[PDB]
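S.K.: Add chains C, B and A with the ligands to chain D, keeping to what the hints say.
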Amino acid sequence: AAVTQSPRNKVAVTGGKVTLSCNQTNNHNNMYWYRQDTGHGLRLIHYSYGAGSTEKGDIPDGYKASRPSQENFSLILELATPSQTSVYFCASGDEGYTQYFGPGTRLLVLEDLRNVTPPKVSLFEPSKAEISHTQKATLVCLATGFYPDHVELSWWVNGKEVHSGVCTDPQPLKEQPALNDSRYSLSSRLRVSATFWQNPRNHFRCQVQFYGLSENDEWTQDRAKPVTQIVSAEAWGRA
Amino acid sequence: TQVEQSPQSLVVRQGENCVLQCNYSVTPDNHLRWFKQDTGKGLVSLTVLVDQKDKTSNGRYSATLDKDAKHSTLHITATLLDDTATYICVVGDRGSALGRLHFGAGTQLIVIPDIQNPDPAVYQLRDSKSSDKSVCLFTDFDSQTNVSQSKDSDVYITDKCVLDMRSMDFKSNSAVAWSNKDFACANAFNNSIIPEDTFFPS
Amino acid sequence: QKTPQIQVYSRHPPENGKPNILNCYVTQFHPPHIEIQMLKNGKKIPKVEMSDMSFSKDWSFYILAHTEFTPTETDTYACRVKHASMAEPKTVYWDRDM
Amino acid sequence: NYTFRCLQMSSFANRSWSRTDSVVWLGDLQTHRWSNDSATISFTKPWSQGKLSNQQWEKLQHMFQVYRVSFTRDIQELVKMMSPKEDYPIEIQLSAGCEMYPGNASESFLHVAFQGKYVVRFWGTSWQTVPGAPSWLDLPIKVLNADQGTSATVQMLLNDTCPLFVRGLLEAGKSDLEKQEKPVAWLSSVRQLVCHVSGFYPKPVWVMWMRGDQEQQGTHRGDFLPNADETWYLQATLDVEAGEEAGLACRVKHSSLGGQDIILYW
Ligand SMILES: *[C@@H]1O[C@H](CO[C@@H]2O[C@@H](C)[C@@H](O)[C@@H](O)[C@@H]2O)[C@@H](O[C@@H]2O[C@H](CO)[C@@H](O[C@@H]3O[C@H](CO)[C@@H](O)[C@H](O[C@H]4O[C@H](CO)[C@@H](O)[C@H](O)[C@@H]4O)[C@@H]3O)[C@H](O)[C@H]2NC(C)=O)[C@H](O)[C@H]1NC(C)=O
Ligand SMILES: CCCCCCCCCCCCCCCCCCCC(=O)N[C@@H](CO[C@H]1O[C@H](CO)[C@H](O)[C@H](O)[C@H]1O)[C@H](O)[C@H](O)CCCC(=O)NCCCCCCc1ccccc1
Ligand SMILES: *[C@@H]1O[C@H](CO)[C@@H](O)[C@H](O)[C@H]1NC(C)=O
Ligand SMILES: *[C@@H]1O[C@H](CO)[C@@H](O)[C@H](O)[C@H]1NC(C)=O
Ligand code: NA
Ligand code: NA
Ligand code: NA
Ligand code: NA
Numbered sequence: 002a003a004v005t006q007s008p009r010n011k012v013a014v015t016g017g018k019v020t021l022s023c024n025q026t027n028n029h030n031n032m033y034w035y036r037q038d039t040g041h042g043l044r045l046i047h048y049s050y051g052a053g054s055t056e057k058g059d060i061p062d063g064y065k066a067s068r069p070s071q072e073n074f075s076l077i078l079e080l081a082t083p084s085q086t087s088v089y090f091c092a093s094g095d096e097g098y099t100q101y102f103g104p105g106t107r108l109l110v111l112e113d114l115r116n117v118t119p120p121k122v123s124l125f126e127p128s129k130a131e132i133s134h135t136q137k138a139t140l141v142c143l144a145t146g147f148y149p150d151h152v153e154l155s156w157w158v159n160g161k162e163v164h165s166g167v168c169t170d171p172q173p174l175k176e177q178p179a180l181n182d183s184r185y186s187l188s189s190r191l192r193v194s195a196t197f198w199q200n201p202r203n204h205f206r207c208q209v210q211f212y213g214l215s216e217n218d219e220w221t222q223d224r225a226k227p228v229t230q231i232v233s234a235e236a237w238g239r240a
Numbered sequence: 002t003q004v005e006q007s008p009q010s011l012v013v014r015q016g017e018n019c020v021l022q023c024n025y026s027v028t029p030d031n032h033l034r035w036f037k038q039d040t041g042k043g044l045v046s047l048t049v050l051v052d053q054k055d056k057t058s059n060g061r062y063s064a065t066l067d068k069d070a071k072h073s074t075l076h077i078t079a080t081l082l083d084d085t086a087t088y089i090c091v092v093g094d095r096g097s098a099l100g101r102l103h104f105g106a107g108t109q110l111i112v113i114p115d116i117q118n119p120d121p122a123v124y125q126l127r128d129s130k131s132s133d134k135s136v137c138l139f140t141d142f143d144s145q146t147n148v149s150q151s152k153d154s155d156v157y158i159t160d161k162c163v164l165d166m167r168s169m170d171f172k173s174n175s176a177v178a179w180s181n182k184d185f186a187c188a189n190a191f192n193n194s195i196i197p198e199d200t201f202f203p204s
Numbered sequence: 002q003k004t005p006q007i008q009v010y011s012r013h014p015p016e017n018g019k020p021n022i023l024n025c026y027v028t029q030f031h032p033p034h035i036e037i038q039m040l041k042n043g044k045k046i047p048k049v050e051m052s053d054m055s056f057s058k059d060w061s062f063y064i065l066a067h068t069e070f071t072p073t074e075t076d077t078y079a080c081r082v083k084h085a086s087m088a089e090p091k092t093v094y095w096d097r098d099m
Numbered sequence: 007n008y009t010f011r012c013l014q015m016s017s018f019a020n021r022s023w024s025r026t027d028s029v030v031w032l033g034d035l036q037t038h039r040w041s042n043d044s045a046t047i048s049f050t051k052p053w054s055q056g057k058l059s060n061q062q063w064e065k066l067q068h069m070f071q072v073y074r075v076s077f078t079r080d081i082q083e084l085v086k087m088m089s090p091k092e093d094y095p096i097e098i099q100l101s102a103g104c105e106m107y108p109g110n111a112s113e114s115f116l117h118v119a120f121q122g123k124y125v126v127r128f129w130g131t132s133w134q135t136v137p138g139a140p141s142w143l144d145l146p147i148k149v150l151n152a153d154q155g156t157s158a159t160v161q162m163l164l165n166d167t168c169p170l171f172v173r174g175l176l177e178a179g180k181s182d183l184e185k186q187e188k189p190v191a192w193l194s195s196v204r205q206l207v208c209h210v211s212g213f214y215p216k217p218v219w220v221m222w223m224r225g226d227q228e229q230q231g232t233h234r235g236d237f238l239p240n241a242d243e244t245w246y247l248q249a250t251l252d253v254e255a256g257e258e259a260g261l262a263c264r265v266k267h268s269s270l271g272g273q274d275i276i277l278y279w
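Protein chains in written order, with the authors' numbering: chain D, 2 to 240; chain C, 2 to 182, 184 to 204; chain B, 2 to 99; chain A, 7 to 196, 204 to 279.
The shape of chain D in the complex, shown without the other chains:
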């Protein structure tokens, strides 16, 4: 019994309209919206017993809800505030007690968008010394220059995502830890066997999904519009 949420990640400005949608094909009458903030458990915002029903939960203030159909339950933030920065979870269920949860939706609400900037990505190829000393080959990927910190980094080998051998920094470090709205940097490693890296038919790619502006968000600055986008870097194996 699966439940999906969209968008999975979102950057928004104070006063903007944000809609978080949840979709559910289980024919469950009942749907539930929660937010998770650090040092609290999940708290109920709104819920619904069927199409056209919406009920206030424990912390409804600032949120409107919409159940247009049995499939879709939406959480509408009409005038977004920074206090609505959080991770939002949706769930569904029938008459039983079990609530089946969606994968979550990260929302950051900034005061202003002036500093929003996508990353530069660079891939660093393994050391010949590492290869000879360990029979292992470590690739490193750097995402730099980005604001805000909502990025999802991933490794792909021959068009398919890899998790074995990966580790990514649990938080991005700041580039100017002095300055207020400082840009971030983030590193990741993919370690593989030297023979696998030496094989020149293997194509390696580091991908950063950056979440930023929408096509509808206004942009007044001279530089390119810092939209939600993918930036990546690429290399082939070699002996």
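Any given hint might turn out to be false.
Claimed, not checked - Simulated coverage check for chain C against chain A, where a stretch passes if three residues somewhere in it have a Cβ under 8 Å from a Cβ of chain A:
# : stretch
1 : 24–32
2 : 95–101
Claimed, not checked - In silico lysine to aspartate or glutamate, DMTMM-like type, Cα no more than 25 Å apart, as pairs:
#  : chain 1 : residue 1 : chain 2 : residue 2
3  : D       : 57        : A       : 92
4  : C       : 68        : A       : 64
5  : D       : 161       : C       : 128
6  : C       : 134       : D       : 235
7  : D       : 129       : C       : 184
8  : D       : 129       : C       : 198
9  : D       : 129       : C       : 94
10 : A       : 86        : C       : 94
11 : D       : 57        : A       : 97
12 : B       : 48        : A       : 27
13 : A       : 91        : D       : 72
To be clear, the hints were calculated from the coordinates, so they are not data collected in a lab. Positions of the beta carbon are idealized from the N, C-alpha and C atoms, including for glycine.
M.R.: Here is chains C, B and A with the ligands on its own, set in the frame of chain D:
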């Protein structure tokens, strides 16, 4: 708040057991569920307890509930690195959809991994496109080494991080350092207490 | 909303001068929200005990009001009931028989 | 051969105002009271705890305390599930308990009414609607029957706990249940004559008008009306022509009189 979890956080070495507590004041108490949540991720259900005195298992997870005491524990045997996660206690106050779920704020678990055969080294890696740029990779150091932010402001150094090469049953720590503005890999980790037998190649 | 029956009656046989208890029994009403007063000469009696409200097999409600009283030649005693089912309050007088 | 009744009434006026009040009967005698204002169930007789120990009573009262709060929130939450179909004001009534027969025999029941109409019972191992009930109640019934813990609890209340408790009540309350109080009668007129009979217990009584040894078949009995002290009141009226009130008497038979009936002549 009606659901309290202890400890707030804890750190253990791979292979060790740990116990996680949940105490609640919720009335009535139909069932109690334990969730697992990896950093930036969803709620995976581990188990659900429903009887007055109950016990459940799920591989290396086991759990208990005593409703009289309003107490649950979750035991994790032989912890692995994947157990690094926030563990969440939830109490449902009905046996139907009329119920509300009362959520604990979670216990943060960190598992420190066992590095069997350390080979600490600092390699230089070149950029695929613009090969004059570079990074320094400090790797294969064991879990008794800390990595420290650099002395210089324009030099960047990341925290340590463990990767698991699955099919080889091999783990290894690593950290990366880089800087544009005379930066070499010998000088990179001056300001960390790095091991004595570290391999600096060439 | 069905109309409340009211019945006024004394516990003991009424002798003028002799202390006694007067009962007002309000039955066959719903919903249960009801205002019951017992009157002496049209004026509200102060110390009126109420039984707990309950209902019959047919799900309709009933309640027993009572109070101490001393009958005379001249004094009138009543039970006045206000409900949602009636436009104006219904008043049943104690016919000195009951 | 006595019936034990727990009667509950709950009024929900809007979404943020309700009350639940109970009284309990064993035959026609009140054994308990539990108003919305009180946190605990009050005994209305010395023997209302029956043969239960104090710990047994505390545990049982505790369950009801949980029920009352849980009941209130569940109705409110069920009204949200149906709306806009059903709407406040809502009155819910429960009638539960058991009838006790000789041997070790008893039937238990749990009947639920909505806006004055009997719509739902607990039967066997589940809730079900009864004949005549709106079909929209199928959603509530489906939701209630998902709760297995409530089901097991109610089954044990009805099958076991209730008959046990009542067998103990009958033993402990034997003296009040078997009391005998004498009727005192008096006459009056409006022609319609009136024979008032008051103060008697138990409820069975015989009241007729008599010219000597001839039961005036025109006698109309009224309803049994309660007195505050748990005795009964009844009046028998006869219609008659003025002039022919000579010779008429009222005869009253009752178990408390022990053979010597009351006869009042006009
Ligand atoms: C309490 O007592 C009730 C019966 O008493 C009645 O209801 C009370 C609430 C009260 O009002 C009383 O005054 C009144 O007399 C018991 O209810 C019976 O329970 C049995 C077993 O749980 C039920 O049998 C089942 O019938 C089903 C058909 O409708 C059928 O699906 C079931 O068969 C399946 O499961 C069995 C295993 O149990 C298996 O043998 C079969 O092969 C099949 O898989 C099963 O036969 C009766 O329907 C209930 N009787 C009535 C009249 O409803 C209740 O169990 C009892 N509870 C306790 C805890 O004591
Ligand atoms: C005073 C002397 C008494 C002597 C003792 C013997 C008396 C015998 C007579 C018994 C009287 C029986 C009364 C029956 C109700 C008892 C229910 C007890 C169980 C209970 O609390 N359940 C509630 C709490 O449930 C949670 O907690 C328990 C443990 O405490 C379990 O863990 C359970 O799994 C969990 O869910 C439930 O909340 C329950 O739903 C309460 C209400 C149940 C009920 O009375 N339902 C009546 C049907 C309602 C009809 C719907 C009509 C409607 C109206 C409007 C809109 C929609 C629908
Ligand atoms: C709810 O009902 C009560 C009693 O009828 C009334 O006094 C009150 O004004 C109502 N409250 C609301 C919030 O509508
Ligand atoms: C009935 O009881 C509950 C809690 O015991 C309370 O919150 C509520 O106000 C009470 N209702 C009335 C009408 O007094
Ligand atoms: Na971002
Ligand atoms: Na690729
Ligand atoms: Na815990
Ligand atoms: Na009702």
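S.K.: So which of the earlier hints does this model not fit?
M.R.: 9
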